[PDB]
Amino acid sequence: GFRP
Amino acid sequence: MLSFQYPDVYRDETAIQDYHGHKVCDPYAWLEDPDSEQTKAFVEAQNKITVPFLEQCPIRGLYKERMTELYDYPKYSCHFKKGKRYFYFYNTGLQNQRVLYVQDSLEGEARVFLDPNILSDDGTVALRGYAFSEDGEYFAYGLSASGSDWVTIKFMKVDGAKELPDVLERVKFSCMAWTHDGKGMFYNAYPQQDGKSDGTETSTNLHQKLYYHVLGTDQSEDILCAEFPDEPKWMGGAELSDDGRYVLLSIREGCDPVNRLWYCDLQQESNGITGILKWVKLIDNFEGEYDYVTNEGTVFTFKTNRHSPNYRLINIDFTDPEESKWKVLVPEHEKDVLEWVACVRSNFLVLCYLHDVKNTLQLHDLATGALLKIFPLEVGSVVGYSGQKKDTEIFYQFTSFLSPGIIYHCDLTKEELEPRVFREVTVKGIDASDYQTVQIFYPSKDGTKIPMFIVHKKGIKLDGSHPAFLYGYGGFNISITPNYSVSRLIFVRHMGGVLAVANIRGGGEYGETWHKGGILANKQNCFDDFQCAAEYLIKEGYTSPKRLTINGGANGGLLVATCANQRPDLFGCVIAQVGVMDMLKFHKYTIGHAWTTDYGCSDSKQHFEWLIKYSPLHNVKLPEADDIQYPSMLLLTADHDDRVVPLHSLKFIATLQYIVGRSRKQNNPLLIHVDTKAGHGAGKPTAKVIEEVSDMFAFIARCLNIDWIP
Numbered sequence: 723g724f725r726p
Numbered sequence: 001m002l003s004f005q006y007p008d009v010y011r012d013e014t015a016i017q018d019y020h021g022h023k024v025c026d027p028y029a030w031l032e033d034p035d036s037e038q039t040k041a042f043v044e045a046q047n048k049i050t051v052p053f054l055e056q057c058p059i060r061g062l063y064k065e066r067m068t069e070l071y072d073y074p075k076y077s078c079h080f081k082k083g084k085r086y087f088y089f090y091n092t093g094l095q096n097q098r099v100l101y102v103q104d105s106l107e108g109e110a111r112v113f114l115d116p117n118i119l120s121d122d123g124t125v126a127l128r129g130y131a132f133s134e135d136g137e138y139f140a141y142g143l144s145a146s147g148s149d150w151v152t153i154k155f156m157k158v159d160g161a162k163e164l165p166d167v168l169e170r171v172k173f174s175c176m177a178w179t180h181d182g183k184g185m186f187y188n189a190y191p192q193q194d195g196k197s198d199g200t201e202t203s204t205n206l207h208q209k210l211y212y213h214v215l216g217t218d219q220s221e222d223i224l225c226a227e228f229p230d231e232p233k234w235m236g237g238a239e240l241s242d243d244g245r246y247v248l249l250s251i252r253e254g255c256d257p258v259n260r261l262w263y264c265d266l267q268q269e270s271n272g273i274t275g276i277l278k279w280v281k282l283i284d285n286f287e288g289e290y291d292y293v294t295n296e297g298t299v300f301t302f303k304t305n306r307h308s309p310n311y312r313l314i315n316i317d318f319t320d321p322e323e324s325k326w327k328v329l330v331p332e333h334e335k336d337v338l339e340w341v342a343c344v345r346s347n348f349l350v351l352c353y354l355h356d357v358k359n360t361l362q363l364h365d366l367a368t369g370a371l372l373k374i375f376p377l378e379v380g381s382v383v384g385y386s387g388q389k390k391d392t393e394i395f396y397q398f399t400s401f402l403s404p405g406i407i408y409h410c411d412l413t414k415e416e417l418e419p420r421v422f423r424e425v426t427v428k429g430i431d432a433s434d435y436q437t438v439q440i441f442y443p444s445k446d447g448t449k450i451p452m453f454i455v456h457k458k459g460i461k462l463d464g465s466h467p468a469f470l471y472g473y474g475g476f477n478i479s480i481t482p483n484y485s486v487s488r489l490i491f492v493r494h495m496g497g498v499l500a501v502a503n504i505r506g507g508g509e510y511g512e513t514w515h516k517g518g519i520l521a522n523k524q525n526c527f528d529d530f531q532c533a534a535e536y537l538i539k540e541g542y543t544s545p546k547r548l549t550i551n552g553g554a555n556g557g558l559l560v561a562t563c564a565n566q567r568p569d570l571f572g573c574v575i576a577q578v579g580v581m582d583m584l585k586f587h588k589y590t591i592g593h594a595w596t597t598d599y600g601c602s603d604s605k606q607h608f609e610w611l612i613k614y615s616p617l618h619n620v621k622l623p624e625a626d627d628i629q630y631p632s633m634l635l636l637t638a639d640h641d642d643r644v645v646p647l648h649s650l651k652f653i654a655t656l657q658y659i660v661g662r663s664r665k666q667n668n669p670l671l672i673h674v675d676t677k678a679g680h681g682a683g684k685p686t687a688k689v690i691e692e693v694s695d696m697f698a699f700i701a702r703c704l705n706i707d708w709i710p
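So the sequences go chain by chain: B and A. All residue numbers for the first sequence refer to the authors' numbering, where the first residue is 723 and numbers rise by one. All residue numbers for the second sequence refer to the authors' numbering, where the first residue is 1 and numbers rise by one.
Please keep in mind that the hints were generated in silico from the structure rather than gathered at the bench. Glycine included, every Cβ here is placed at the ideal spot set by N, Cα and C. Take the hints with a grain of salt, since some may be wrong.
Stated by the list, open to error - Among chain A residues calculated to face chain B with C-beta under 7 Å, some are:
#1 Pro58
#2 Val580
#3 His587
#4 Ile591
What the hints assert, rightly or not - Listing some non-contacts, in silico: residues in chain A with all C-beta distances to chain B over 12 Å:
#5 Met1
#6 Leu164
#7 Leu520
Stated by the list, open to error - Which chain A residues face chain B? A few, computed with CB under 8 Å, are given here:
#8 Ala177
#9 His180
#10 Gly182
#11 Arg643
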């Protein structure tokens, strides 16, 4: 998970 | 009320950049260096005026004390089985970090297995990701320091909770998958880089690699199993199939729900894992999502969005791989989003659906896909689940706006499936019966109907007199579903507030078409949807503009900051957490390059034309009308936020204070707080969570002059  | 002065901040007027013929000035570009004395001094000067402002009122003390009171309740994760033992996470109430517990049986005595609290003096070392071996005898776990995305993987023998020498460094955005022979584990790492790697640096993350670690060896010996040197943004996560026969590789580029799917039959490896694997490229494009559910031999069950924006279940036979031959096990629903699927007790499937922003949980037959049982829930969310293929039971956790929640257990060996309450907690002092949750659908600018949840005290007069807290995100296919927030409930009970959550476009509430509705060229739809939510709450008499606070985090920080620029007349107060404020430069730092699937990239002229129109940093503008000023604004960030680099907020507040704060019609404060030893938010210790929410509602109370209701 690398979403802002 | 403004008994301070904004710090003098140097403007670099020479920092002019050409974007496809458009000249952009970036006078605070020097704030992009987090390690400089200039940046540190700027941060210090800002914290020096914010903290005294937030703490001047006894209301913060009253909120913190009440927050500490009502947040002090037992918190459990679902029980889950690995090997012959059960595991679960537990917080007595106020522990900085939840503790992983082990018990040898469902009725047996529980003991501490991993306590992260003892690894740090301020609870800022947190667990981030973990993987048990197939037989449950060995344990791998990620640790993050001070909220950074960077991870150190360590290893444990479960029996006796024994520490092992194995340490894995440079781990970030990584998978964790043991081969079923227990020999080792797949993970991701990044190559060495110059400068620091602690979460304070801004250096972009590229060339992520898949490694295999043989237990009992040095990391230096680790096997390189996949790399994409021609495609530096590609990220390959590995997992083992249920039978342990295939390594499945999900390759992503960006944040769209899409992936390539390669596989490796481990039986077909000549001499075990010794180098780059014999990958078979089943799906070799980014046109759809393929999320492994289960397999029976070569017949693989995937959750997909290929030609199905609301998602569905397909069977792909590896020996008959053509799309025309794929079998649709559980067809796409007309409206309901299939959120996730799990395989349990060999031949059951647990499907979680989102119907109008509420969860339903169902049991299906693997062979046919036929519905067998609905698990009865109230209106709310499923936020936890346990039950893999070999397991003969399920655990699932339910939450909602007014309920801390419930963990249910269901024995799937029984002919008639009776799910019972396994765990329940009630927060004393918060009478859930005093409040109600309504869902409405308001029309947006273009006529589209948007869902919004409203939580208020029962029996209130809709005369527009109540202070309101409206939350939104709107992006990245993320669904903002009902959740238990004590912090937001104190606002209702002790500050007389109305709470609101708008499911604006960009999210995944109504599938991929909902996601597409608020991205790229359509990004403005998000802001339009959110502004229309505000207007609805005003028109219906829930609140007034001077009593309304809007809030969002990260992409939601971008949301509320843009809405502040575009409609300052509409809000009394704005709290933007860890926001993406520089839409022109975002892609340059850490993992920012992955967000271009939602936002676009300023490298392209088309995309730049979208971005300049709403970019918070580049749209700070004194309101034309004399009777209108900017709302009260508080930006919250931290010095180890390497997800959204803090420079975003630093440049933004400097711009706000210079352009708007200098003007004589502005009396509403424009403030930033930069925390230490914290990051984007994940893993943040309880103590810091309480500090943050106290700051937030102290800001609201002071700016709106709200009396405490004991």
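Now for the hints, and whether the structure bears them out:
1. At a threshold of 7 Å, the smallest CB-CB gap from A/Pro58 to chain B is about 35 Å, leaving the interface hint violated.
2. The restraint placing A/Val580 at the interface with chain B holds, with a minimum CB-CB distance near 5 Å, inside the 7 Å limit.
3. For A/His587, the interface hint is violated, the least distance from its beta-carbon to any beta-carbon of chain B being 12 Å, above 7 Å.
4. For A/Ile591, the suggested interface contact is upheld, since its CB lies about 5 Å from the closest CB of chain B, less than 7 Å.
5. Listed as a non-interface residue, A/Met1 keeps its Cβ farther than 12 Å from every Cβ of chain B; the least gap is roughly 33 Å.
6. The non-interface label for A/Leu164 is consistent with chain B: the shortest C-beta to C-beta separation is roughly 27 Å, beyond 12 Å.
7. Consistency note on A/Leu520: stated as away from chain B, and its beta-carbon is indeed over 12 Å from all of that chain's, at 16 Å minimum.
8. The beta carbon of A/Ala177 comes no nearer than 16 Å to any beta carbon in chain B, farther than 8 Å, and the hint placing it at the interface is violated.
9. With its C-beta approaching chain B no nearer than about 25 Å, A/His180 sits outside the 8 Å limit, and its interface hint is violated.
10. About 27 Å separates the beta-carbon of A/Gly182 from the nearest beta-carbon of chain B, more than 8 Å, and the hint is not met.
11. Because the smallest distance between the Cβ of A/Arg643 and any Cβ of chain B comes to about 6 Å, under 8 Å, the interface hint for this residue holds.
In this structure, the earlier hints numbered 1, 3, 8, 9, 10 are contradicted, and the remaining ones agree with it.
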